[PDB]
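Listed here are the chains, written in short residue letters.
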Amino acid sequence: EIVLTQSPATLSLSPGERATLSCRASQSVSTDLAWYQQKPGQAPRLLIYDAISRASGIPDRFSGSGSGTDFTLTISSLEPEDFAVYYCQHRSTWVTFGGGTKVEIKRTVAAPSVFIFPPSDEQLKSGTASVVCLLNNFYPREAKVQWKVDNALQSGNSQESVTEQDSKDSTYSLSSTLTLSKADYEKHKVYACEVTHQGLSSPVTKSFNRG
Amino acid sequence: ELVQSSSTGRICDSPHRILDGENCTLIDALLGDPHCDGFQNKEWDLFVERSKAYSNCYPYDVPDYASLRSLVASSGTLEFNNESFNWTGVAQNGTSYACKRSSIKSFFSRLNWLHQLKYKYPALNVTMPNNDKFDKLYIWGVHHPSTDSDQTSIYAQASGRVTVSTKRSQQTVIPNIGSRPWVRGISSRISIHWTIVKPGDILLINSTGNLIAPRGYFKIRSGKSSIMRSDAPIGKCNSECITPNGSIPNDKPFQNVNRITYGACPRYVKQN
Amino acid sequence: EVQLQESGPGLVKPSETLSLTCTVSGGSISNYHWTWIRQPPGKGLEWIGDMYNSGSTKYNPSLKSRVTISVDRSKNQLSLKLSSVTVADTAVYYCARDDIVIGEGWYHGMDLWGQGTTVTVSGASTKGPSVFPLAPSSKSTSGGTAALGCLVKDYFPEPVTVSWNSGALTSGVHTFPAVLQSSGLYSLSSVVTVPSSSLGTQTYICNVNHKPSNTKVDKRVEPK
Ligand SMILES: *[C@@H]1O[C@H](CO)[C@@H](O[C@@H]2O[C@H](CO)[C@@H](O[C@@H]3O[C@H](CO)[C@@H](O)[C@H](O)[C@@H]3O)[C@H](O)[C@H]2NC(C)=O)[C@H](O)[C@H]1NC(C)=O
Ligand SMILES: *[C@@H]1O[C@H](CO)[C@@H](O[C@@H]2O[C@H](CO)[C@@H](O[C@@H]3O[C@H](CO)[C@@H](O)[C@H](O)[C@@H]3O)[C@H](O)[C@H]2NC(C)=O)[C@H](O)[C@H]1NC(C)=O
Ligand SMILES: *[C@@H]1O[C@H](CO)[C@@H](O[C@@H]2O[C@H](CO)[C@@H](O[C@@H]3O[C@H](CO)[C@@H](O)[C@H](O)[C@@H]3O)[C@H](O)[C@H]2NC(C)=O)[C@H](O)[C@H]1NC(C)=O
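Chains as they are written, first to last, in the entry's author numbering: chain Y, 1 to 211; chain B, 41 to 308, 327 to 330; chain Z, 1 to 224.
These are calculated hints, taken from the structure and not from any lab test. Don't take every hint at face value.
Said to hold, decoys possible - From the derived model, a few chain B residues whose C-beta atoms are all more than 10 Å from chain Y:
no., residue
1, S47
2, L86
3, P103
4, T135
5, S143
6, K145
7, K158
8, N170
9, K173
10, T192
11, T206
12, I214
13, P306
To be verified - Listed below are several chain Z residues computed to face chain B (Cβ distance under 8 Å; list not exhaustive):
no., residue
14, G26
15, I29
16, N31
17, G103
Think of the CB as a built atom: it goes at the ideal place given N, C-alpha and C, for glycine as much as any other residue.
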């Protein structure tokens, strides 16, 4: 069986720069390879077929090349709406896909706007307290959210998820949820999430006081 | 006296213009077989085909091979003038594995393999006039798919037609979807056809499916040129007469070498 | 325009048989070649099989004994059948069309590619979500911009669809990806940034839809 391996696993390039994605194959394939773009939560979209030929709608910025073993795709002038994982596919005797290369458009540094949400009285009636800390539109993605309950650090009892890069402003959004029982929640008073980010010269600490 | 005999064994490159289609036949150079791309727009006074010549492209079958072979032979020119047909609604430049140019999929350089575009293949109707005074030779083809799935996948038509008409002749070809013997990894075929557009005449292409469109016309040139199948070496010398067995002196009155002579040559006489 | 829509379940307990139906609108189903592709979570794309114009079928060798692709003229539907479902079959399954010309060697195209019925293979019970308000506050009023949202907690399996004001509010909405807490259930939050002046006047509804449990929830996010 033929196996496609893409390099590198992840590319980070600023807008206007040039993207180069490779798809080295195990055996000779000839001009029988296609490139696909899969936006987050969406469809792979056929970009190039027969190694070089472009499909409908596919602009001129996309330009594939190659013939046997090594194939490459070149995206000229990376635009913010190019953030996606790109795949290469071979199609003869059988069908084989590639590992995928994630392209991440890089904007300027943007500090996050931090918000905190106390638990709902409905959830408190159930017996669980979920405190949410929101970090909206920021870049770079690297950030540290530290929870504090009455001057006490919080680890393990809080999870988080980050939205994939927005296809327009190239910012990320992070949501951290600190879960406690109703008994543990009403035993303390101050609840805060401490955010340390590059665009934040000093760590931000949003807090509330009841419970 | 009388018969000449006394063959030399070589064809002289002077005074007549000789062309050695090594590995390449005239029809192959006319169509654009990748190993014959070095013969484009080249002229000749006598074209020599070899027995070692072969075809290394899509499998073609010319119905009337002799006439089309004799047509280009008399003109003594492969001058190709590109024309821009309005093939709207279809996709062009179809390539296959058999015709491999520079290690890449390709096709006949003088033909255009029209296929589906956006899963839609409309009834094409294009016309080109012969405003010029030289007669035009258009070389077209008809593709014969292997199965009905191929006919549907290339053209999205259960059946197709190709009709090429003029003031004087109308040529209609109906595809014959069949599984011919495998040649260069392909069970399909293509049928080459020609149509001469005289001055003041028009060319009508009515194709509803399986059209191998031409990329332009050729020039019918009034000339004494012709062709000769021979395996004799083309040496450097001057000889007015040429035979498949080699150049021949024209001093004696008659020739018993062969009934195939080019130029000022003693008439033929039988051996016995 | 030829359009496709995957119809299928949300959960298939192990050892059963997965049944996915692809309905095509605006085209002829007997014509055109089709193929099924699945995307395991965070693993990439994988080829399941393909049915061609001739009706002949071709399946991935690793998954031949379990895959069967059928079509039903008079319904214009493409049926995928995956027997002996294991948890490795948990993926997002897609039906796609191919521009293949078998015989002439013309392998070029994927075109129409579908939407993607997420199929989770597990013996769990489909449990609906519980929506709790993420209310703003005067603290959230930092002089102009505030934030509010909904906490969609404890549901299985993925996914849930969250809209705001029946889709009339889209600017700034961030429906976060779901996290799988230690209980085995999913939980996500969907927030939106609005001008703090419009807090006491504009009503904010979050619409949560969990199809695998046939659950629709409408909740009002309001200050205290
Ligand atoms: C007319 O055709 C003959 C036969 O094809 C030609 O002779 C052959 O020319 C090829 C040119 O590529 C020679 O190449 C071989 O290439 C492969 C590379 O993969 C290699 O395996 C061989 O060692 C060799 O290098 C081939 O040896 C040669 N002789 C044969 C086939 O007996 C001839 O060149 C052609 N002449 C013209 C004028 O086109
Ligand atoms: C099928 O291929 C032909 C040949 O390319 C297309 O016709 C037009 O041919 C001319 C001359 O060969 C092309 O111009 C060339 O452009 C390149 C790139 O700038 C340049 O380096 C050459 O010197 C030459 O000037 C022209 O680009 C080409 N047209 C197109 C649209 O590519 C024909 O259009 C092709 N059929 C299709 C794409 O359906
Ligand atoms: C061959 O190519 C010619 C060049 O266009 C095509 O000629 C004309 O095609 C039309 C169809 O579009 C023929 O049908 C006519 O349609 C009108 C209604 O639109 C109808 O009222 C007429 O009675 C007629 O049926 C038309 O006859 C034909 N010729 C002319 C002079 O217009 C032709 O369709 C192509 N195919 C063939 C097989 O000739």
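Hints versus structure:
No beta-carbon of chain Y comes within 10 Å of the beta-carbon of B/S47; the shortest separation is about 49 Å. Here B/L86 stays apart from chain Y, with its beta-carbon at least about 40 Å from theirs, past the 10 Å limit. At roughly 32 Å from the closest C-beta of chain Y, the C-beta of B/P103 stays outside 10 Å, upholding its exclusion from the interface. At the 10 Å boundary, the C-beta of B/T135 falls inside the reach of chain Y, the nearest C-beta of that chain being 8 Å off.
Non-interface call for B/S143 relative to chain Y: violated, since the shortest CB-CB distance, roughly 7 Å, does not exceed 10 Å. Its beta-carbon lying about 6 Å from the closest one in chain Y, B/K145 breaks the requirement of being farther than 10 Å from that chain. Not every CB of chain Y lies more than 10 Å from the CB of B/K158, the least distance being 7 Å, so the non-interface label is violated. Consistency note on B/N170: stated as away from chain Y, and its beta-carbon is indeed over 10 Å from all of that chain's, at 34 Å minimum.
Separation of B/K173 from chain Y is adequate, the least Cβ-Cβ distance of about 40 Å exceeding the 10 Å criterion. The Cβ of B/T192 sits about 19 Å from the closest Cβ of chain Y, beyond the 10 Å cut-off, so the non-interface label holds. In this structure B/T206 is separated from chain Y by more than 10 Å, as the shortest Cβ-Cβ distance comes to about 35 Å. With a least CB separation of 30 Å from chain Y, B/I214 remains clear of the 10 Å interface cut-off, as annotated.
The beta carbon of B/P306 sits about 56 Å from the closest Cβ of chain Y, which is more than 10 Å, so the claim that it is off the interface holds. With a cut of 8 Å, the hint placing Z/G26 at the interface with chain B is violated, because the nearest CB-to-CB distance is about 11 Å. Interface hint status for Z/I29: violated, as the beta-carbon distance to the closest one in chain B is roughly 13 Å, over 8 Å. Checking Z/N31 against chain B: minimum C-beta separation of about 6 Å stays under 8 Å; hint holds.
Against a cut-off of 8 Å between C-beta atoms, the interface hint on Z/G103 holds, since the closest Cβ of chain B lies about 4 Å away.
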